[PDB]
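J.: If you want the building blocks of each chain, they are given just below.
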Amino acid sequence: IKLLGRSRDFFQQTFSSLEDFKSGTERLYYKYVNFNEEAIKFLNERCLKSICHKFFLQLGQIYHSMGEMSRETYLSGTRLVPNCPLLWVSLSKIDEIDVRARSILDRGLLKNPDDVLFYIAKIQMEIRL
Amino acid sequence: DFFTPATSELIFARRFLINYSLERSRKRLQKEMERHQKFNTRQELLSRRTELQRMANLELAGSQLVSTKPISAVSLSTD
Amino acid sequence: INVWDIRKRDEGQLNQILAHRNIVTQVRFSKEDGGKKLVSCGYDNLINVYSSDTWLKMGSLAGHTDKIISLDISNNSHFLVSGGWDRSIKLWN
Amino acid sequence: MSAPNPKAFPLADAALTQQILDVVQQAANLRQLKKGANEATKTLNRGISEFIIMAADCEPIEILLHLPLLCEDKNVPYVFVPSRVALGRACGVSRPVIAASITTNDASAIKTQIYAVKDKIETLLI
Amino acid sequence: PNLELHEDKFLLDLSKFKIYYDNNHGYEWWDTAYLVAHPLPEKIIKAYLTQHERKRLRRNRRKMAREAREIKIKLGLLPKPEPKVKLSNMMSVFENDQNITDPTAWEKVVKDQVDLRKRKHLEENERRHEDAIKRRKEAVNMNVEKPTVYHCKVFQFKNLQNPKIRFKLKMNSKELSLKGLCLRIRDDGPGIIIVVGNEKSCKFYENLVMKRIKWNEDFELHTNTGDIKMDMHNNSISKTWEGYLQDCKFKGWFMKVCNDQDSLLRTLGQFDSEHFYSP
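From first to last, the protein sequence lines are chains A, B, C, D and E. Read in order, the letters of the first sequence are residues 601 to 607, 614 to 628, 630 to 642, 649 to 663, 666 to 682, 685 to 715, 720 to 750 in the deposited numbering. Its first residue numbered 108, the second sequence is counted upward by one per residue in the deposited numbering. Its first residue numbered 373, the third sequence is counted upward by one per residue in the deposited numbering. Its first residue numbered 1, the fourth sequence is counted upward by one per residue in the deposited numbering. Read in order, the letters of the fifth sequence are residues 140 to 174, 217 to 225, 232 to 466 in the deposited numbering.
In short, the hints are calculated from the structure, not lab data. Beta carbons: idealized from backbone N, C-alpha and C, even for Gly. You can take every hint at face value.
Covered by chain C, according to a simulated footprint, are these stretches of chain E (three or more residues, beta-carbon under 8 angstroms):
#	region
1	148-161
2	425-432
3	453-465
DSS-like, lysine-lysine: derived pairs with alpha carbons at most 27 angstroms apart:
#	chain 1	residue 1	chain 2	residue 2
4	E	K390	E	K366
5	E	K321	E	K333
6	C	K408	E	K148
7	E	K436	C	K429
8	E	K361	E	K436
9	E	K298	E	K267
10	E	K401	E	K366
11	C	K403	B	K134
12	D	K118	E	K387
13	B	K134	E	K148
14	A	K602	A	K662
15	C	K380	B	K145
16	E	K398	D	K111
17	D	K7	B	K176
18	D	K111	C	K439
19	D	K118	A	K743
20	B	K145	C	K408
21	E	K387	D	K111
22	C	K429	E	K148
23	D	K7	C	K439
24	E	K345	C	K429
25	D	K118	E	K233
26	D	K111	E	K401
Generate the whole structure from the sequences, applying the supplied hints.
T.: Below, the structure written as structure tokens:
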């Protein structure tokens with residue numbers, strides 16, 4: 601279906623009919640169904662497995680396009698799922714645009734600690750500014 | 108060990124300190140005493156608990172930058 | 373951290389908070405309220421909060437990635453400002 | 001002693017000097033060491049150094065006083081030890097040596113002596 | 140009210156204060172003297236050596252010895268050396284002793300000869316090995332000589348119940364000359380560990396407590412009746428402080444048990460260590 605939808615969405619939902627009958632698969636179609650209608654479905658689907668971090672992460676982006686909301690999702694998300702640095706990178710890259722952000726980077730760094738991808742976050746966003 | 112003499116002018120200051128110091132100390136002690144009388148332990152023992160909870164909460168607000176050498180002193184104004 | 377109260381003199385003298393690992397730079401009492409809390413900074417990267425009655429350690433805060441040379445605290449006690457080998461100045465809530 | 005040079009700072013004591021110079025020589029035999037000023041100054045620019053040791057009584061002292069200001073930018077600990085003649089020996093050299101930079105290899109045999117001593121040295125920099 | 144909190148210390152005392160204040164006659168024990218013209222000035232190892240200083244020392248050390256031996260053979264204090272012989276050199280040594288004449292009698296002499304030299308290598312080894320152990324006993328006898336400063340550590344945990352953990356902590360403490368103590372609450376109640384020594388010792392022990400030993404691991408304990416499982420997964424360890432102390436009043440390392448949180452303090456109390464415990 602990924603190769604099929606690579607070059614029709616009418617089949618996608620049709621294939622998604624039998625797909626729900628059985630955060631790997633759900634996120635796939637959710638990512639595909641992205642073309649605010651998702652916010653409903655995503656919320657209903659992400660309330661199933663609450666992985667939860669990717670669920671958190673995906674909805675935020677859709678919220679990012681929709682929305685305040687984005688920051689709220691991030692803050693709740695990070696505490697629940699603190700571990701992936703992808704989240705705190707995004708949250709800090711939010712606050713940054715409107720400095721608070723370094724604290725957000727740094728407050729989470731120590732909770733991890735000493736994985737790699739957080740230091741690069743700090744670096745990578747210390748250059749930009 | 109010696110007693111060193113000299114500097115009468117400074118000597119003047121010590122007097123000033125004594126006048127200032129003595130009064131201040133007297134006021135301070137009196138104030139401390141006044142606190143003692145009320146007791147009513149319950150209020151106080153609540154207060155400490157509240158303070159500790161407040162301390163527990165605290166977090167970063169921002170960082171910031173200054174230079175490229177470590178920062179040796181920071182101070183806040185009286186306001 | 374030693375805390376000596378001069379009035380006792382004969383038998384009260386020093387109560388040692390065992391505070392920090394790796395040195396201590398700047399200890400600060402809370403200005404208003406006559407002094408109750410202690411706040412101190414070592415190279416341990418943490419920062420501490422102490423009662424002035426029990427001298428039990430209450431809480432610690434880690435937001436620094438490096439060592440801390442010195443710190444000062446808000447007169448009300450709604451700020452804590454700490455500065456650091458890491459070259460930032462970090463405002464604590 | 002003589003008047004220890006006021007610009008000398010941090011100055012290691014007697015007990016730390018024994019612990020430091022011993023690490024120096026222990027690294028010399030694995031050729032993780034670099035001796036002399038210029039050799040040490042090279043290290044920092046590249047970014048491989050662990051810490052610098054300097055001679056306190058280096059005559060005149062101004063010739064090495066640039067190292068401290070370079071070390072503070074690369075975030076590298078440093079200390080002075082009280083004589084150059086002693087530091088000369090530890091590097092395996094007949095003759096006086098005013099500076100030395102231990103380097104990095106994180107597969108090294110002596111790795112745990114080094115972290116030990118840097119931990120001690122960074123304490124001196126208050 | 141209250142207790143682990145030690146609020147008990149907050150509560151104000153009037154008699155001490157009033158009594159103090161009355162004695163003071165107004166303003167502390169400072170200015171009592173007041174109710217001063219001059220101002221006062223108040224009084225108060233190993234050398235290494237290089238590669239070239241090893242050679243020169245090794246050669247000038249060796250030279251004196253061999254030349255001194257050389258004269259001893261000239262003067263006739265010492266046996267003239269006979270040739271070394273091997274199974275290589277064997278054939279072409281025509282020293283007068285039964286070379287071709289007795290063929291297997293000259294096999295034995297050389298083969299025996301070779302082993303006797305080796306036996307000597309082995310002997311020098313064992314004799315030296317043995318001597319040091321006697322020499323070691325003088326080390327045993329040597330008695331400490333106080334260090335001026337005492338490095339220390341402190342650790343704090345939820346459970347000590349596992350015996351295998353209880354035992355290691357007794358060994359290594361006695362193994363490394365760590366002074367100190369240990370305590371805890373009853374049996375299952377949490378506790379504290381204290382250790383003191385030269386800085387090299389502590390680091391070993393610290394490594395043990397944290398990285399070697401697993402406190403979260405499960406063990407099947409023995410009771411008076413029989414064996415039962417125990418799940419300690421919740422149990423955890425973390426260090427509180429490491430530092431430096433004027434003197435270590437701990438005489439020996441003494442594991443013990445306290446029922447309360449108080450005599451636990453009085454235990455440390457004996458050592459002026461009450462503070463080392465953290466609620």
